[PDB]
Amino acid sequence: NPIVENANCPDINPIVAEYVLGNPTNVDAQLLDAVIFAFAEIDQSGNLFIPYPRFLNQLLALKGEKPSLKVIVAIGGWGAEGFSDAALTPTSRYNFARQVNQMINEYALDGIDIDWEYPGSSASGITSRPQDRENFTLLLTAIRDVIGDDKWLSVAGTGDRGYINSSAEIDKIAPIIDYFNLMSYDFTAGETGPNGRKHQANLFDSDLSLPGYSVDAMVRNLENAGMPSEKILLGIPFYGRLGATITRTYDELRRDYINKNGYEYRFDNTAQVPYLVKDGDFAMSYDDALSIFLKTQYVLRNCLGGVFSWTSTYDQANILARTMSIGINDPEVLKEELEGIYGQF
């Protein structure tokens, strides 16, 4: 299975990056080719500022022990006003670019990321204009003209149809930027009720994703609209979402959602049985629904007389009993059940 450097990408050295929103203390430079400080903002006058500069200086200091680390500033983010005005004229565009190059020289940044969410749309509550889409290309042109070719320029966007037709000229911005930071998450950020309880970052389509929205379709949409594959960065959320309403950090799922009293679920795929670890060590051996499906398979493939448990009294809700009975009597039904529980490669 595992692909190590595809034999048609001898050139293409794919990079790892994180957006760093807030205190950067727990960033590990050793894992990352690049860090993207979030965020710089635009004030009433169209002037760039950093709300929390100490975080950016702290993050810049990681170049002490890893001088090859790339430090980028992202301007904007959801609800961040100013871009439609900045993009509108040759003057606003020259002024914005000049301030980008000033912030790059001032902080010795490796370059800049633009997070307009989104040109042509007032979904986030910001100003939009029909001309935003063509204007975006001229803004990026104005930034690239000033900062030069030797600095990172990137754009955060989606791969959905609306974005390709109404927000950006993918084929025009492609040769200007170094990367398109595909925000392949938050698929359910605008949904409540039934359509809220779907996947936010499904890699492919299924029953539990929004019709249309999938990572793969966003990568293909961007590729066919003229974005080279090598310039696409695939975005992964380190949070959980359930519709527009609720989000949780991985840290908050790690504490209130997944691992019971620190006991971690493990599987021996040789042995074909589940087990538990806690504090490095092997901690429990039992049978669950999968190892009972596999044992009941063995019964049927090997012409055995049947199966039995020790003992009903240990399984008062008849959860294992059901699995064991279905395993023998209707193994198709139990396989369907476990297709919706056990992660396959």
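Residue numbers count along the first chain shown, from 1. Residues that one form lacks are left out of the comparison. In this text, the rigid core denotes the largest set of C-alpha atoms whose superposition between the two forms falls within 1.5 Å. What changes on going to the form deposited in another entry:
- Among the candidates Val27, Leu69, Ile50, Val307, displacement between these two forms reaches 2 angstroms at the C-alpha for one position only, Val307 (superposition on the rigid core).
- Fitting the two forms on the rigid core leaves the C-alpha of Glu41 displaced by under 2 angstroms between these two forms.
- Taking 2 Å as the criterion, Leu60 does not count as shifted between these two forms: its C-alpha moves by less than this amount when the rigid core is aligned.
- With the core held fixed between these two forms, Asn13 has its Cα displaced by under 2 Å.
- In sequence order, there is only one run of at least 3 consecutive residues whose Cα atoms each shift by 2 Å or more between these two forms, relative to the superposed core, and it is 259 to 345.
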Contents of the next structure:
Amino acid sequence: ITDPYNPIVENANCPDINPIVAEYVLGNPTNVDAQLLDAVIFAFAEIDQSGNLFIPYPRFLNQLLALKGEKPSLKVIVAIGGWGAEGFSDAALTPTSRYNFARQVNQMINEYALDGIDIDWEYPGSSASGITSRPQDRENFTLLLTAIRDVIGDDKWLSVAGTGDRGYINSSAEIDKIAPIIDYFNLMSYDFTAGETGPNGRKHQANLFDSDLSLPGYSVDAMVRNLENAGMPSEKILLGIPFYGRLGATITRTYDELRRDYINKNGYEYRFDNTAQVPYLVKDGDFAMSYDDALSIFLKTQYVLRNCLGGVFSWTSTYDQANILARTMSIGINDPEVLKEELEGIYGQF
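Based on the form deposited in one PDB entry presented above, generate the structure block for the form deposited in another entry.
What comes next is one chain alone, with no partners or other molecules.
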């Protein structure tokens, strides 16, 4: 071994970034471990048919807030939106509608003593999920974010969830204009094969780098670079990691389901794509599942540290009820030497 993979712990080119660890939390938050995390993002507040915010199961939000009893530094954020969530094109449309949305955001912050909000509009200018869209959404989104920041002030968190493909950057968001308004861009660098079938669905959903098993232009690295090139500061990007597997458009499984029923079980076999830097499963000779494991999370957290990004997040905590992946993500940021040592217990010294 002449070329050891020596982990970065602190990047001397950006000391004083203190990258964060977050999880989106969809549903019952019983297993969330605050000790691992800097932030939790409740998913989701909805926009009802009258334009009003709605929280389905408020006790779950309250339970996340109560984690601040154990860890007062924890930030508790509410995400508004999600895939299929209607209401944003209308909310962004006019000075009146933007005021109204911002008013409701701040009322929600005050009601729950939140640390801030995440905006998850999927996506401005696109009706891919069935939601209303308009060609004015991209410019109107900037104005909406300004309306929100103006009301909530500088000392509350504002983030935007989005992607780093060229289409999002050109058609959905004005990256250079939203950058100064937001604290974080939550890069959902996964789901690359959502919407692909046949041979193109039998590809990685979240490969770090390109390989023969990846879709052209779709890699975590490409999305980060596209965002940086479009004017998002590195330190505002949070790199998203899926805690589920995908095969094309039609198959998803939680990490807990993969461990129980798929990984080296039921005819599915583990593989690691050393080029793309992600694991996958094969069955009957075919690519059969794309997911993240401890090794790929080590490599993605090293990418965060090496590239002076703002941090890392998971989608979602409840897909990993034992906090196996969450722990890896947390130590990948905060104690990478321990993660490397653990990995050398499986792969030998590297």
